[PDB]
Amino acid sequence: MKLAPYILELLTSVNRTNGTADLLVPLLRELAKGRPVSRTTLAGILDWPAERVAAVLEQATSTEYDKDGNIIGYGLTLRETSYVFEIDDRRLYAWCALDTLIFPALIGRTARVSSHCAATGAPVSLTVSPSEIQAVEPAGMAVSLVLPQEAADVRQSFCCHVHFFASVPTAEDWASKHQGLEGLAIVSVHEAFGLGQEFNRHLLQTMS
């Protein structure tokens, strides 16, 4: 379909908070190691004052901390969700389906991704590398999209409605049952992966 409206609003929501794009990659790479990430550690890595790291993170109100106040989730997370994101043997999680398609390129690793169809509970899995997906099981796997909303934390506006599905027909039936989500649409995981690729492209250009 026409995906420009989705990319454009996702890029905008991200660029709405200055520095987000700059903090994102270095934090995903740290979280990908499997251990909580200190905010002070993050500030050294960005060579930023602690204040700027703080302001960026308090915009993502979904940001997860542990009991020591260390970062344990930002897109990628150490706390179980229904999207499993395995790098090496390390079993990490993602907040949404599209995360699992865009993060491999940002952290430069290949992930073994798994979840369950949000319509039927069926197991889904795929391997996502920085440049391609492989081992798509079942082959017809789909993803839901909605129009990202402006002036709202990204997880809560957009990708809480961004799931995997066993197939496009199964997903379209699920989607017809919902009709109060702006821009609700179903795409193949291949098309989803392409959106992710275009998002990442603009995203990287936005870094300093």
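Residue numbers count along the first chain shown, from 1. Basically, rigid core = biggest C-alpha set you can superpose within 1.5 Å across the two forms. First, how it differs from the form deposited in another entry.
Aligning the rigid core between the two forms and inspecting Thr41, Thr170, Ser157, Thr63, the C-alpha positions shift by 2 Å or more at one residue, which is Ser157.
Core-superposed comparison between the two forms: the Cα of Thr17 travels 2 Å or more.
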Given for the second form:
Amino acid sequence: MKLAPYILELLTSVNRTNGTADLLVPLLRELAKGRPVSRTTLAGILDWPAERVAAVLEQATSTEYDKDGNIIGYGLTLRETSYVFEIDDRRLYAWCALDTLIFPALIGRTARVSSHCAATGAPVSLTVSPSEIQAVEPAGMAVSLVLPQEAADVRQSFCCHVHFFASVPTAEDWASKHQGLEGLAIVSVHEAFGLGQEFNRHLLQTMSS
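Please could you give me the other form, the form deposited in another entry, since above is the form deposited in one PDB entry?
Just this one chain is shown here; partners and other molecules are left out.
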């Protein structure tokens, strides 16, 4: 299928005015350590004034915080979700299926990913590296995509509709009942990993390194 629309709308959500583009990789790498991340820590890493870090995070309405206002979750999170993202010995979580395929190349780490099929509840797992997916169980694993909505809570508009499934036909059966979701598409997990790769290389071209 055509995946350019998904790649395009994904990266315009982060490339938005005061978007997470430049902050994303360092924040993901910090969250990957399994501890809450302060804005002063992020400021020190980015060499940004506190004002700019706060302004970027302000627009990211889905960001998860703790009692101290420290960052607990942005795509990658310390709060339990249905997507388990095990990197090193730490048990972390992601907001959706696609995130788990995207994050490893950005962190520069290999992750053990696991979840359950959204249509049936059957367990699913795979290993995601910076350049490859492996140990895909079951083999015919599929992923749900929707077109991201620009000024909408990313979690409710995108993340909650992006699942793993036991198989393509299983996901196709599920999708036929959810035809009110804009740009809903069923791809294999390998097609979804390629989507993330296209996102990542396009993201890195605009990161002002």
